[PDB]
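Chemist: Take a look at the letters that make up each chain.
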Amino acid sequence: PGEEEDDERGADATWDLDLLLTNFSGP
Amino acid sequence: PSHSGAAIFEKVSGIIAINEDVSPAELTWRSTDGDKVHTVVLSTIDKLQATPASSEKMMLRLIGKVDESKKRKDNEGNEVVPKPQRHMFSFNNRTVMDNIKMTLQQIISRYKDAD
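Residue numbers (PDB author numbering), protein chains in the order written: chain B, 59 to 85; chain A, 1 to 115.
A few of these clues could be false.
Residues from chain A that face chain B, not an exhaustive set, calculated with beta carbons under 7 Å [as the list claims (entries may be wrong)]: (1) 46; (2) 49; (3) 51; (4) 52; (5) 54; (6) 55; (7) 57; (8) 59; (9) 61; (10) 90; (11) 109; (12) 112; (13) 113.
Label-pair restraints from in silico Cβ distances [what the hints assert, rightly or not]: (14) A:92 with B:84: 33 to 41 Å; (15) A:6 with B:84: 28 to 36 Å; (16) B:60 with A:1: 33 to 41 Å.
Here are a few chain B residues that face chain A, going by a calculated C-beta distance under 7 Å [said to hold, decoys possible]: (17) 64; (18) 68; (19) 71; (20) 79; (21) 81.
These are computed hints drawn from the structure, not numbers from a lab.
Backbone N, C-alpha and C define an ideal beta-carbon position, used for all residues, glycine too.
Turn these sequences into a full structure, and let the hints guide you.
Modeler: Encoded structure:
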């Protein structure tokens with residue numbers, strides 16, 4: 059790997075925008 | 001102008017469509033040249049994340065469910081929920097993704113609030 063994508067630049071920024079609704083219980 | 005959109009998986013492109021006609025509002029993916037179709041039931045999906053502003057990589061990620069109740073200990077007296085099956089969808093459309101994620105995402109928080 060080296061000159062690829064979708065797993066280094068085009069696939070590593072969605073791990074910081076969601077994860078905050080009503081999952082994993084809570085209220 | 002919603003639900004239906006384009007997405008790619010395992011280097012295989014296809015069209016991604018959400019179905020809010022059945023009980024578990026689910027969505028299925030169908031390739032154009034890959035001759036394949038992946039039906040992802042939003043029901044079985046508990047997580048949903050799209051790539052906005054900070055992430056201009058235009059991609060939607062949806063994870064199944066998690067049941068630690070069936071976990072398993074270890075020699076270190078430690079345990080954890082069985083590694084589920086996550087799915088990272090990625091397309092070359094930032095406009096589309098944000099359009100389908102907004103409709104498919106809400107359903108999660110909406111469903112989780114009852115399911």
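Chemist: Run through the hints listed earlier and report the numbers of any the structure violates, in increasing order.
Modeler: none
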